[PDB]
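Shown here is one chain on its own, the form deposited without its partner chain, set out as structure tokens.
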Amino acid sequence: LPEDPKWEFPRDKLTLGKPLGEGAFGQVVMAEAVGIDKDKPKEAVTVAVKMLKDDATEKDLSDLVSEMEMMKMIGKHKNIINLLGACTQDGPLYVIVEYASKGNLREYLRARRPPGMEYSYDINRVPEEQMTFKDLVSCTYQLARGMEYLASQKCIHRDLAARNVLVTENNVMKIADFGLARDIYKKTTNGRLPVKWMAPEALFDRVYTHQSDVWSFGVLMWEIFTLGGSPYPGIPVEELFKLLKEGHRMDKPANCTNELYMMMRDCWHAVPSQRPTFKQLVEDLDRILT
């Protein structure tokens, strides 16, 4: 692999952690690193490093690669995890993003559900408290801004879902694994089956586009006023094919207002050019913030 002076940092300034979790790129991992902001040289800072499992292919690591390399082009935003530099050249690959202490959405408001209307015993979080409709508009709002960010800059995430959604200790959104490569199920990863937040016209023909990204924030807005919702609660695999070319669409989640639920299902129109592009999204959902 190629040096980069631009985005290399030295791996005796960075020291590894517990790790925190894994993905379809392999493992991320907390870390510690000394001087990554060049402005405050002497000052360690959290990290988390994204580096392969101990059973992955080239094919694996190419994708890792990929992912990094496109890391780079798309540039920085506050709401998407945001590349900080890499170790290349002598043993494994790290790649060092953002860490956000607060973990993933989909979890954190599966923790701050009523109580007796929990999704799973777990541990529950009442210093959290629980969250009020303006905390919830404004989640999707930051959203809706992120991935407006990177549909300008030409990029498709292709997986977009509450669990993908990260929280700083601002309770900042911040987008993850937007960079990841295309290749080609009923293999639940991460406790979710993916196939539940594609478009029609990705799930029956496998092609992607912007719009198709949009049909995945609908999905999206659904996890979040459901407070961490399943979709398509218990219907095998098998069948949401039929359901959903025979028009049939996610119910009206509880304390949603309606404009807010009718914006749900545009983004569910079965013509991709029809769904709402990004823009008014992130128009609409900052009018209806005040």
The other form holds:
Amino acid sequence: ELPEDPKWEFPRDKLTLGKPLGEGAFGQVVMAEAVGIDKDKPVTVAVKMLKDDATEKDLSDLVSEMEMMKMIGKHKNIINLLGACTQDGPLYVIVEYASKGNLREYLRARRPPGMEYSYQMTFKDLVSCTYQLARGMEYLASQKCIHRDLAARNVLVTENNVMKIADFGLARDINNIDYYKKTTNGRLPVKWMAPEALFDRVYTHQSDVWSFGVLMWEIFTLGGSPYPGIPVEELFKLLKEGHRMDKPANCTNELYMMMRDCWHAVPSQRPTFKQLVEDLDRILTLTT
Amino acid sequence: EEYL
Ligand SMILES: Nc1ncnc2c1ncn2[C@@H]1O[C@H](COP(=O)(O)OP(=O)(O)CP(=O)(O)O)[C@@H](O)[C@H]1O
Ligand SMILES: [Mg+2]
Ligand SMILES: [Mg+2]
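Next, give the form deposited with its partner chain bound, keeping in mind that what was shown is the form deposited without its partner chain.
Time for the whole complex; same chain goes first.
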């Protein structure tokens, strides 16, 4: 069924699945040991796969997700695709393992005493985190690809605290159109979506910048949930009216203005990822 | 809840 890809294929006999790292309504990620996955050392990794009762579309979706990763290329701030098992057996997408989990949980677990999300990140750490992710997106955008699902839950943290952009499930190649237009309705990450994406079904690098602004908000609120007490239909209304989230507590006006710039009503007026990287670099340098 |  699935067209083999020798250069990326990896022997199942050299892979030992382990404990689950994350589960979803359309997937499953587990830890594993890959023998010789390193071309220079014939290795703890993560393996993404389908649920036991997945459909044809769930398969096509994961395959498309893998393909996007193959095309994007390597970058320090993008989770590394190591290989895949696509022949005679379930589809396994092997990716670099991030020992500190996703950004959301990473931050929430590192909030100050008494600020627990339920029953420590310095200011500079927050800027650095943001800067690393901006670099990752600048790279992705330069490949003329859009992520479409930027959010703290989709950022992984390695043992060395390196930020890695992940989950390319909604990622699209816009090299030929410079803008992806979703022709139909579907379940999308609405609270991280730009107005033109939500209402016009138009996605661009600038709609990714809007999402980056929301991600920035999540970072500075240490894992806060976008639009506090605002339900589904309630959010759609507010955005139409011009609503924008308030400034996080531990945030300078400069960084908040950067967030607000990412949420400019006019897509072309939002900063480019290159501009964000330059400005963030400047802020870090002065903070250092 | 994140995807609607
Ligand atoms: N390489 C990796 N290393 C460590 N943890 C990982 C990981 N890849 C995924 N995870 C964990 O699993 C979670 C979900 O991963 P991913 O974002 O790939 O799934 P998903 O959202 O596609 C699932 P669904 O669509 O089924 O909801 C991450 O937020 C993280 O906690
Ligand atoms: Mg995800
Ligand atoms: Mg998914």
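C-alpha atoms forming the largest set that superposes within 1.5 Å between two forms make up the rigid core. Residue numbers count along the first chain shown, from 1.
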Fill in: From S138, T168, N190, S152, residue displaced between these two forms - CA threshold 2 Å or more, rigid core
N190
Practice prompt. Examine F25 after superposing the rigid core and state whether its CA is displaced by 2 Å or more between these two forms.
Written response: yes
Practice prompt. State yes or no: after fitting on the rigid core, is the Cα displacement of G85 between these two forms at least 2 Å?
Written response: no
